[PDB]
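Residue strings, one per chain:
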Amino acid sequence: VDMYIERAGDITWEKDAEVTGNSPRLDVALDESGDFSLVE
Amino acid sequence: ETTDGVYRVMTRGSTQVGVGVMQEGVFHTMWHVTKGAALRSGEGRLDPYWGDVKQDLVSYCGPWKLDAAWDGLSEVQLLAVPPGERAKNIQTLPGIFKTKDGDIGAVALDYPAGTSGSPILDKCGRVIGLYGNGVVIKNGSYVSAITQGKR
Ligand SMILES: N=C(N)N[C@@H]1CCCCNC(=O)[C@H](CCCCN)NC(=O)[C@H](Cc2ccc3ccccc3c2)NC(=O)Cc2cccc(c2)CNC(=O)[C@@H](CC2CCCCC2)NC1=O
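Top to bottom, those sequences are chains A and B. In this text, residue positions in the first sequence follow the entry's author numbering: the first is 49, and each later residue adds one. Mind the numbering: the second sequence is residues 17 to 28, 32 to 170 in the entry's author numbering, read in order.
There are no misleading hints in this set.
Result set (DMTMM-like, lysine to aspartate or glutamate): computed pairs, CA atoms no more than 25 Å apart in a straight line: (1) A:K63 x B:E104; (2) B:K157 x A:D83; (3) B:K169 x A:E80; (4) B:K169 x A:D79; (5) B:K119 x A:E88; (6) B:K142 x A:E62; (7) B:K107 x A:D58; (8) A:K63 x B:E94; (9) B:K84 x B:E17; (10) B:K117 x A:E80; (11) B:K107 x A:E62; (12) B:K54 x A:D79; (13) B:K157 x A:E88; (14) B:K117 x A:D83; (15) B:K117 x A:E88; (16) A:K63 x B:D86; (17) B:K73 x A:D79; (18) B:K107 x A:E66; (19) B:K119 x A:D83; (20) B:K73 x A:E80.
Keep in mind the hints are simulated off the structure, nothing from the lab.
Sequences and hints are given; from them, build the entire structure.
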């Protein structure tokens, strides 16, 4: 399998950008396999 | 080459499985994107150097270089590189993953699986972590940790 990379852009902050999404505060656990779950 | 920038991670028709960051001659992505497999870059080959399945991170060519941290306060930008779409900046105020081992910034933005590894930026353009390891909440939407390694 040919796994390869290709450039997609410069890493820069965009002035006057779209501001969206909320800011949830969540209780979370992380297992040894790298999987997050929600604390219920 | 290893010129600085954001890159798509492809497999071959070709499928975009993720995204990563080239900085200081090291390529940074999420472990689940490549599973540590070698990467072709032009005519060259990049070999895995370090990784951690629990952090869901891997670096190529050298140790993890990204060390900027979210300030817990300011808005950030996801530099999303979705499959088949141009890179685009999305600004957001992170939420928080509260864990027994401290809090992690987290962004409530939903993109296809192959957007994994897209960098999250502070106002100075520094990479404060990578997008794509997260949770699904009750309404079906997604929240990604701001996953950062140790330099
Ligand atoms: N599910 C939603 N809303 N959004 C996801 C965003 C994916 C972003 C990139 N990250 C990943 O692919 C990782 C890989 C694995 C890393 C593992 N260590 N993955 C994830 O973190 C989560 C992990 C997860 C799964 C279930 C959970 C349940 C409860 C609590 C925590 C959980 C954590 N894994 C998934 O999310 C898998 C999943 C579960 C259920 C359904 C889907 C996919 C189908 N969804 C999609 O096809 C796109 C839909 C579109 C794309 C753009 C337009 C709007 C959204 N979204 C999506 O695929």
